[PDB]
Structure formats: C-alpha cells, structure tokens
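Novice: Okay, here's what each chain looks like letter by letter:
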Amino acid sequence: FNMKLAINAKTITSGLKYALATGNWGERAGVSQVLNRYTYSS
Amino acid sequence: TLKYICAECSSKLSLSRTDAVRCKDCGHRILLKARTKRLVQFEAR
Amino acid sequence: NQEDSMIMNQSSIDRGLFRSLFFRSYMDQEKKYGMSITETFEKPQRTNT
Amino acid sequence: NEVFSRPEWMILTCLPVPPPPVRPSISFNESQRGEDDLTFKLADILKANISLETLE
Amino acid sequence: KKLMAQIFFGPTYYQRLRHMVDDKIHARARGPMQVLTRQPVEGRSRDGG
Amino acid sequence: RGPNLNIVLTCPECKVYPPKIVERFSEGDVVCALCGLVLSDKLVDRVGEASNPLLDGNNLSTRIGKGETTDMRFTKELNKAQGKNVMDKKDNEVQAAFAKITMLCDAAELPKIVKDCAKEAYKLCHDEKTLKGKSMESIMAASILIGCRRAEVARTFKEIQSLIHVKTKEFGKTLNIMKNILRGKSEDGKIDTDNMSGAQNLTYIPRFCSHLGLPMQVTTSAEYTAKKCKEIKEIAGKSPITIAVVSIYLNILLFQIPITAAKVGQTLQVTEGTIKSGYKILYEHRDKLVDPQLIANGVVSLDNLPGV
Amino acid sequence: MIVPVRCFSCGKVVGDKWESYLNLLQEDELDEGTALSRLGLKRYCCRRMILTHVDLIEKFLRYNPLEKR
Ligand SMILES: [Zn+2]
Ligand SMILES: [Zn+2]
Ligand SMILES: [Zn+2]
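From first to last, the protein sequence lines stand for chains A, B, C, D, E, F and G.
PDB author numbering puts the first sequence at residues 442 to 468, 476 to 490.
Residues in the second sequence are numbered consecutively from 26, following PDB author numbering.
Residues in the third sequence are numbered consecutively from 834, following PDB author numbering.
Residues in the fourth sequence are numbered consecutively from 225, following PDB author numbering.
Residues in the fifth sequence are numbered consecutively from 1079, following PDB author numbering.
PDB author numbering puts the sixth sequence at residues 14 to 58, 78 to 221, 224 to 342.
Residues in the seventh sequence are numbered consecutively from 1, following PDB author numbering.
Don't take each hint at face value.
[Said to hold, decoys possible] Heads up, simulated DSS-like pairs for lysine-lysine below, C-alpha to C-alpha not over 25 Å straight-line:
no., chain 1, residue 1, chain 2, residue 2
1, F, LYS190, A, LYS445
2, F, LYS224, C, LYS865
3, C, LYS865, F, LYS217
4, F, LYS199, A, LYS445
5, F, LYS297, A, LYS445
6, F, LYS33, C, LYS876
7, A, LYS451, C, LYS864
8, A, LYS458, F, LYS144
9, F, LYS144, A, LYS445
10, F, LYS98, D, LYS265
11, F, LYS264, F, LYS310
12, F, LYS144, C, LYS865
13, F, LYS121, D, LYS271
14, C, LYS865, F, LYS155
15, F, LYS132, F, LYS205
16, F, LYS166, F, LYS211
17, F, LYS217, F, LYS166
18, B, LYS58, C, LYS876
19, F, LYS164, F, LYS211
20, G, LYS68, B, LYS58
21, F, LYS98, D, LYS271
22, D, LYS271, F, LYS122
23, C, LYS865, B, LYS58
24, F, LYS224, C, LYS876
25, F, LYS272, F, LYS297
26, B, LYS49, F, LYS262
27, F, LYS132, A, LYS458
28, B, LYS37, G, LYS68
29, F, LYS314, F, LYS267
30, F, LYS164, F, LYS201
I should point out that these hints are in silico values taken from the structure, not numbers from a laboratory.
Just chain A, same shape as in the assembly:
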C-alpha cells in the first residue's frame, strides 16, 4: 500500500481548473467568463 498512489492530487486540481477555465460545471455552461477589463465601470 502506497498512500502517494492511493490518493491522486490531480483529481481535485484538474477538476477545479477545468471547471473554472471553461464554463462547464461538473465532472451548466457559461458559469465562468473572462473578466472584462476595457474600463473600470465594465
């Protein structure tokens, strides 16, 4: 038994990054969007 292999840290890291990098929430769309920086009010 190797605890380093029993728990894979990529599952949490990859899932959160994928869900935030793209709009898809899961594993709804458009939840995350590129922040507008054209002007302060925007």
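Take the given structure of chain A and dock chains B, C, D, E, F and G with the ligands to it, following the hints.
Specialist: Coordinates of chains B, C, D, E, F and G with the ligands only, in the frame set by chain A:
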C-alpha cells in the same frame, strides 16, 4: 549575446541561447529585453 | 450630422481630443513535440528555412 | 422504380467510400495531423467489418 | 453672418466607444479558400469574403 | 519503389530551374518572381479530430455515449460489443501502459513533456525480444527516468522508486537495456546529450535546497561549490547525491542557517555519518569550494565554518 | 494623464497653470471658481480643461521604474 533586464530587482543581465531564462542575482524567471539604443523618429502631431 | 452622425472639430483632434492608445500582445511558445522534434526562437535564413 | 430505386437496395451490402475531398485532413501547426470525423467513422466500420468476418 | 436661429450651446460629457472604422474596413478581390468547400474563407483578419 | 506523383511548379516562360516562387497568401496566388506570371490560383489556406502521429501511430477509434435522448439498454450492449475486438486488443495494451504512465507522472507533479517522453520511450522500446522477461513496473520506471533526463528535470533513482515499487536489480538492468534500445534505433533511425550523463549533480541541488527551504543565495553558492567539488579526486568518485547534499550542508553552515546535519540527512534520506564523513574531506579545500565574489564582498567568511 | 498643453476648443495654453492652480487651492484656500479666474481662464472651455482634469501621472509614478540606470 543579448542584454535583458529583470522585472523585479531591475538587474541588467546578458544571456545567450544556452543560458536559462532567470535572474542570476534574485532568481526571478521573467526578464524584460533592453530597449533599443538606435534612434527612433517621431512626429509631434 | 444627419441620421445619428456628428461633426467634430479637426483642430480639437489635432490638440489631442478623444485620442487614445492601443496595446496588442502576442503569445508564442517553443513547443516540444515529444522527445525528438523541438522548436526554438531564431532569426531564420532563406537558405535553411 | 425498377431502373433506379428497388426495395432491395435500401439494405446496404456494399458501402461506397467518399473520396478524400469530402473528408479532408486539416493541419493546425503542420507538425500535427488531424483527420475528418468521417474518416474515423469509416475506420470504425472497417474495424467492425473485419472483426465480424474473423468471428464468423 | 449671424445664424437666424440661436443654438443650444454648452459643455457635455462624451465617451469614445471601442468601435473604430480602421478595425472594420476590409475588401477582397481574391484570396484563400476553405479546404472543405473551396469557398472564400470567413473573417476579416484572414482576408475572408 | 512507387509512383512519383510529384508536381514541381516552374515558370514555362522564364524556364529558370529552380525558380523564384513567391506565395501571395492574401491574394491566394503562386506567382513567378521574375516575370509575374501566375503559376497556380485559388490557393487554399469543428470538422476534425486531434490526432497524435507518433505516440499513437495510425489508430482511429470512436467512443459510444449517451445523447439528449437514449435508452440505457442500448448503450451497455454496444460498449460490451466494442470491447470484444481482437485487433484493437493489441493496441489497448500500449494504451493501458500509457494510462498508468500518465497516472504515475501526474502523481509526481512532473511536467507534461516528462509524461510525453515516458510514453514515447515505452512505445519505442516495447515489443522487443530483449525486454520480455522484465517486470512491467521496471519498464515504466525506466521510461519515466529516461523522460526526466531528456527534459532537463532529471530525478534520482530513489525519487522514482518512492512511487514505483521496483528494486535496484531489475530497474538498473532494465534501464541499461532500455538505453541500448534507444541508442541502437537512434543512429539507425537525437537521444542523448551531456544531460544523459549519470552524475549531473548540478540539477539536483536546486530541488534539494527547496526541500530544506534555504534562500536562493545559499542554493547558488551550493551550485558553485558542487561545480568545483569535482576537482578533488578523493570525492570525485562519490555518488552525485552525496556530492550535492554535502555541498549543500557545507553552505548551510557557511551562511549560518539553524539547520542541523540530522535534518539534512532525514529529509533527503542520506546517512548522518556520510554527511559528516564527506564534510571532513571538503573541509580541506574551503578556498577552492567557496565563491570568490561572496567572500570578497564579505557576506560569508571562511572563519564561520566549524573546524574539526 | 497629465495636464493638456492647450485648450481643445480654442488652443489657449493651459498646461503651464496646473501647478499654479493647485497652489491656489491648497495654500490660498481659494475655491475652484476664484482660482480659475485668478489664473486668467475666462472662457468656460478653458475652465473645464483645468477644472475637470484628473492627474493620473502621480498614481503611475508610485510604481518603481522598470529599468533603472
Ligand atoms: Zn532579478
Ligand atoms: Zn517567370
Ligand atoms: Zn479655451
């Protein structure tokens, strides 16, 4: 070789194609290339 | 200035009215296609590229 | 229609393969090769067809 | 000469929008064609039709 | 051995061969540079799939999944039928090995290239007579070790062994066998540089210092000490791990960081006796194992190094 | 970002009155209207040039120089 500038400590470095991109003094991994020393013309309009 | 158009003062434009900057950034990477083929930043020559 | 459309021909026995123009292969950086979706489907048909022939 | 009518004259706040003609003007006589349909490509930045 | 089917665009009028050809991409034309005659017009610049030619060769496959409307009964049987393919079974073994390589590399927080090299190394050296009596675990570890060296992120034997359970016997023999396969195919069909050298102790120091949490200034000094550490014959034959760790320990006391030799050995699994034993020999060459600018500046003085 | 050199409408030089305008407001405790009239800006085209100006150069100067000689 070409001269680069560190983005944090403002260290002026000289790097070759074999040297790794990093500041040899502070270790920052982003280097800003030095501005050209050749004259550039502009119109005042 | 008819139909939602306008007339601007050229002299005001010359002095710097509503004159703005524009910045565009270009990104590029030295992709390494596995273990054999790799890219590099270089000034290519017409005799070798 | 006897000449053109017979009921028996609604069942596919020989599958025509569209030419490459219908399923062109695109390139993104030209160091990577991509194939049309039809090409993979045709590949799947061949793999399934060969598997069935061997089994029977 | 004086204008027979009097003009509503005063300061006002105006803002320049992101839309500029230099980023929209484009024309094509001939150019690249799509690999699939062999028709003019889509997009001003790609010399499309 | 096959039909030519090759077309060369030459100007019929100029007749100069080879010709000067300019590709007017915007105009979509191929025009002779000397006379301006157009040699080819109507030039061409998701409806596709991302395919990797090397690590997967020529293998095309499609998956079966649910849609907007679908009965669960059909999906299960179709997947069962797809799995029972004799021809696709052979390639699945390589894919299965790739999946395990991906899991090992991902769990190691290694870069993408390292994973790619490991997968490619396995494919090139798999299905060979020499490597048939070796455990698959050793094969994967050797490829991962090879991949790390290629990407200038070379790891240690102990580091890789922490994840993949393989003893030194099979791993070393497998690696030597694997290296020969790559070298044989290299010239026949590059592979290695000065990085491939086993010692390469300069690459380990930055990571070892990071584990100890030392400042980059200490790490830079350790690199200089290790670089000049190879000039002494009495320690030149020592393992690269000991050379790097002992050099790090020497600089730790030079800069007076409150870290004892026990911590250095414990974190890097190096025996305490080895650390002190190696330090004794390096203590006789302090002049040649310390940076000249640092001592000249006055940040570190040789008197601060404890003497035995 | 910095005080414009000339008035947009008429071209009067107003870029040499920014420091004077600030000095009047701070040291002399004058209101904006009196300070502008004291500086000689009578047309409201000139008044708005100095009255509505935002000095963003000071904010930029807080950041350290990218390249130091
Ligand atoms: Zn720096
Ligand atoms: Zn010609
Ligand atoms: Zn004015």
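Novice: Compare the structure with each hint and give your call.
Specialist: The hints, checked one at a time:
| no. | hint | result |
| --- | --- | --- |
| 1 | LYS190(F) to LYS445(A) | 15 Å, holds |
| 2 | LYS224(F) to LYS865(C) | 13 Å, holds |
| 3 | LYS865(C) to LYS217(F) | 20 Å, holds |
| 4 | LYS199(F) to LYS445(A) | 18 Å, holds |
| 5 | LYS297(F) to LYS445(A) | 22 Å, holds |
| 6 | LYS33(F) to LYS876(C) | 21 Å, holds |
| 7 | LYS451(A) to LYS864(C) | 23 Å, holds |
| 8 | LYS458(A) to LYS144(F) | 16 Å, holds |
| 9 | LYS144(F) to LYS445(A) | 19 Å, holds |
| 10 | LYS98(F) to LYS265(D) | 17 Å, holds |
| 11 | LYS264(F) to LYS310(F) | 18 Å, holds |
| 12 | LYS144(F) to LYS865(C) | 10 Å, holds |
| 13 | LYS121(F) to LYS271(D) | 12 Å, holds |
| 14 | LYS865(C) to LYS155(F) | 18 Å, holds |
| 15 | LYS132(F) to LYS205(F) | 21 Å, holds |
| 16 | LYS166(F) to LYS211(F) | 14 Å, holds |
| 17 | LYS217(F) to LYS166(F) | 20 Å, holds |
| 18 | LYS58(B) to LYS876(C) | 16 Å, holds |
| 19 | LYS164(F) to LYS211(F) | 15 Å, holds |
| 20 | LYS68(G) to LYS58(B) | 13 Å, holds |
| 21 | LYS98(F) to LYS271(D) | 22 Å, holds |
| 22 | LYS271(D) to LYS122(F) | 13 Å, holds |
| 23 | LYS865(C) to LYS58(B) | 24 Å, holds |
| 24 | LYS224(F) to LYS876(C) | 23 Å, holds |
| 25 | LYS272(F) to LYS297(F) | 21 Å, holds |
| 26 | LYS49(B) to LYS262(F) | 18 Å, holds |
| 27 | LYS132(F) to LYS458(A) | 22 Å, holds |
| 28 | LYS37(B) to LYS68(G) | 9 Å, holds |
| 29 | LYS314(F) to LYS267(F) | 14 Å, holds |
| 30 | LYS164(F) to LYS201(F) | 16 Å, holds |
Of the numbered hints stated above, none is contradicted by the structure.
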